[PDB]
Amino acid sequence: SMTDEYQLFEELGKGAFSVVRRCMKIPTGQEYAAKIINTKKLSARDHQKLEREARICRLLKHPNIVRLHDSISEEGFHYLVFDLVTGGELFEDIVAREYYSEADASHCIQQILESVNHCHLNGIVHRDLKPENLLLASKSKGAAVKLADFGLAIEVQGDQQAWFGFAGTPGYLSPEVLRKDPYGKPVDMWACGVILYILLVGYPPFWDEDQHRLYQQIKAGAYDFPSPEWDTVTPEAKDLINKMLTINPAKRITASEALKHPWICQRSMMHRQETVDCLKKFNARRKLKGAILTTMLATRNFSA
Amino acid sequence: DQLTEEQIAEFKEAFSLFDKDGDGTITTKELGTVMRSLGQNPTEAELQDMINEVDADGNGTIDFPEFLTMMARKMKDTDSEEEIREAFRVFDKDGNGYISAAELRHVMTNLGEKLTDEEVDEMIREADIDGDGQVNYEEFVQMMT
Ligand SMILES: CN(C)S(=O)(=O)c1ccc2c(c1)/C(=C/c1cc3c([nH]1)CCCC3)C(=O)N2
Ligand SMILES: [Ca+2]
Ligand SMILES: [Ca+2]
Ligand SMILES: [Ca+2]
Ligand SMILES: [Ca+2]
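Line by line, the protein sequences are chains A and Z.
For the first sequence, the numbering used here gives the first residue as 148, with consecutive numbering after it.
For the second sequence, the numbering used here gives the first residue as 50, with consecutive numbering after it.
Just to be clear, a hint being listed does not mean it is correct.
[What the hints assert, rightly or not] Heads up, simulated DSBU-like pairs for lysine-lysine below, C-alpha to C-alpha not over 30 Å straight-line:
{"no.": "1", "chain 1": "A", "residue 1": "407", "chain 2": "A", "residue 2": "385"}
{"no.": "2", "chain 1": "Z", "residue 1": "125", "chain 2": "A", "residue 2": "428"}
{"no.": "3", "chain 1": "Z", "residue 1": "163", "chain 2": "A", "residue 2": "428"}
{"no.": "4", "chain 1": "Z", "residue 1": "142", "chain 2": "Z", "residue 2": "78"}
{"no.": "5", "chain 1": "Z", "residue 1": "69", "chain 2": "Z", "residue 2": "142"}
{"no.": "6", "chain 1": "A", "residue 1": "327", "chain 2": "A", "residue 2": "385"}
{"no.": "7", "chain 1": "A", "residue 1": "428", "chain 2": "A", "residue 2": "286"}
{"no.": "8", "chain 1": "Z", "residue 1": "142", "chain 2": "Z", "residue 2": "125"}
{"no.": "9", "chain 1": "A", "residue 1": "427", "chain 2": "Z", "residue 2": "69"}
{"no.": "10", "chain 1": "Z", "residue 1": "163", "chain 2": "Z", "residue 2": "142"}
{"no.": "11", "chain 1": "Z", "residue 1": "163", "chain 2": "Z", "residue 2": "125"}
{"no.": "12", "chain 1": "Z", "residue 1": "163", "chain 2": "A", "residue 2": "427"}
{"no.": "13", "chain 1": "A", "residue 1": "286", "chain 2": "A", "residue 2": "327"}
{"no.": "14", "chain 1": "Z", "residue 1": "125", "chain 2": "A", "residue 2": "172"}
{"no.": "15", "chain 1": "A", "residue 1": "427", "chain 2": "Z", "residue 2": "123"}
{"no.": "16", "chain 1": "A", "residue 1": "161", "chain 2": "A", "residue 2": "366"}
{"no.": "17", "chain 1": "A", "residue 1": "427", "chain 2": "A", "residue 2": "327"}
{"no.": "18", "chain 1": "A", "residue 1": "407", "chain 2": "A", "residue 2": "366"}
[What the hints assert, rightly or not] To give an idea of the chain A side of the interface with chain Z (calculated C-beta under 7 Å), a few residues:
{"no.": "19", "residue": "283"}
{"no.": "20", "residue": "286"}
{"no.": "21", "residue": "290"}
{"no.": "22", "residue": "385"}
{"no.": "23", "residue": "441"}
Read the hints as simulated data drawn from the structure, not as lab findings.
All C-beta atoms, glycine included, are put in the ideal place defined by N, C-alpha and C.
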């Protein structure tokens with residue numbers, strides 16, 4: 148059973164009908180995060196969602212996706228054993244730093260795009276891309292960003308699209324979801340555009356306290372790059388954002404295409420040389436006369 | 050202006066020997082370094098007076114135009130004879146009447162110059178008319194006139 152395989156330690160966090168505790172695989176000593184779900188509290192509907200989420204997480208193995216290592220069902224408790232991460236949410240790192248440099252933003256979004264591309268290649272649409280759902284694997288300046296919170300993820304068949312429901316996070320919702328149109332993989336690329344915008348300047352492209360107005364702005368694509376903060380941001384960054392925040396989902400950049408954008412992947416002169424025929428001749432006579440003249444001048448005080 | 054281009058070049062060479070840091074001016078300390086390097090022993094007041102006498106614009110240092118105009122002084126012929134003779138005695142450290150390659154090398158080292166032994170020999174040969182390997186008084190005079 149779970150307690151024969153895993154030693155549980157302190158609580159790290161809480162969730163809906165759940166706690167996360169640090170744990171350790173008994174025979175190996177390797178540490179993880181165990182999400183402990185009290186299934187006596189779950190309706191059949193919610194357990195069905197847990198079933199889908201675990202199935203989807205099991206399928207996904209990638210350095211930029213939080214890995215599910217084990218799913219153990221017991222009486223009244225379900226255990227999901229994930230990677231331990233110590234770097235917190237990308238959201239909080241953005242708040243702490245205000246915003247990222249272009250170098251750091253490009254590097255961050257590159258990893259996010261790899262996570263999204265992997266999902267999409269596997270017939271999974273996450274539907275809830277946002278900095279709160281992206282975790283930093285450790286406290287290293289070089290830590291990997293890892294996609295988490297697959298509670299809204301869906302399984303799709305190729306590029307077939309449908310009305311999969313109104314689900315996601317308001318500021319990150321795509322125009323097609325807001326219009327109640329059929330949708331698919333491109334909703335994650337819209338959300339990516341919102342995150343890139345936030346990375347670069349520390350505030351979102353669409354925001355209003357009145358959610359109806361927020362939704363109107365999103366559907367209109369009513370964002371811009373205002374001065375002065377955007378003045379020093381390169382046009383290449385703004386261009387990639389533009390291609391993600393494209394209202395028509397058929398024209399919106401895909402994750403694979405975005406990974407080839409010059410701002411992401413092209414971040415890192417010869418002149419003729421003339422022949423030297425010889426060196427310049429030492430001028431012996433000028434050297435000697437200069438020295439003699441110097442000495443003549445130097446001897447004036449002794450004479451006068 | 051009434052000097053030849055080669056005469057100007059010779060004085061620029063002399064100027065570079067005083068202007069140790071190459072900033073285009075000669076300070077009092079620079080003047081003293083040269084003087085003492087050539088076995089001359091002026092007081093600090095004497096050095097400052099030398100600077101003051103040559104410093105036309107009164108900014109405290111000597112630039113190349115000031116340095117030129119000074120030795121554009123067509124002084125007495127007896128004064129130029131004296132300068133040449135005393136200069137000879139500076140090079141001829143052992144007082145035997147001949148400037149050897151070793152003696153010239155020592156003067157150039159004292160002045161802070163870094164020349165090869167071949168360059169020094171070449172310099173001796175420019176003055177050494179009779180080809181004995183040394184510069185005598187008559188040869189030294191001929192060179193400077
Ligand atoms: C993504 N959700 C927050 S979760 O509950 O499914 C989840 C999934 C994987 C996880 C953690 C949390 C998780 C939580 C966590 C919180 C804290 C830590 N890990 C490290 C020490 C301070 C607080 C962790 O390390 N790996
Ligand atoms: Ca100087
Ligand atoms: Ca001056
Ligand atoms: Ca001698
Ligand atoms: Ca001779």
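Hint check results:
1. A:407 x A:385: At roughly 15 Å apart (the allowed maximum being 30 Å), residue 385 of chain A and residue 407 of chain A satisfy the hint.
2. Z:125 x A:428: violated, 36 Å
3. Z:163 x A:428: Holds: residue 163 of chain Z and residue 428 of chain A sit about 16 Å apart, inside 30 Å.
4. Z:142 x Z:78: holds, 25 Å
5. Z:69 x Z:142: Distance of about 24 Å is within 30 Å: holds.
6. A:327 x A:385: Since the Cα atoms of residue 327 of chain A and residue 385 of chain A sit roughly 28 Å apart, the hinted pair holds (cutoff 30 Å).
7. A:428 x A:286: violated, 63 Å
8. Z:142 x Z:125: holds, 27 Å
9. A:427 x Z:69: Holds - the C-alpha atoms of residue 69 of chain Z and residue 427 of chain A are around 23 Å apart, at most 30 Å.
10. Z:163 x Z:142: With a Cα-Cα distance of about 20 Å, the restraint between residue 163 of chain Z and residue 142 of chain Z holds, given a limit of 30 Å.
11. Z:163 x Z:125: Violated - the C-alpha atoms of residue 125 of chain Z and residue 163 of chain Z are around 35 Å apart, more than 30 Å.
12. Z:163 x A:427: holds, 17 Å
13. A:286 x A:327: violated, 40 Å
14. Z:125 x A:172: violated, 104 Å
15. A:427 x Z:123: The given pair, whose Cα atoms are some 33 Å apart, is violated under the 30 Å limit.
16. A:161 x A:366: At roughly 34 Å apart (the allowed maximum being 30 Å), residue 366 of chain A and residue 161 of chain A break the hint.
17. A:427 x A:327: violated, 82 Å
18. A:407 x A:366: Status holds; Cα separation ~27 Å.
19. 283: violated, 54 Å
20. 286: violated, 51 Å
21. 290: violated, 52 Å
22. 385: violated, 49 Å
23. 441: holds, 5 Å
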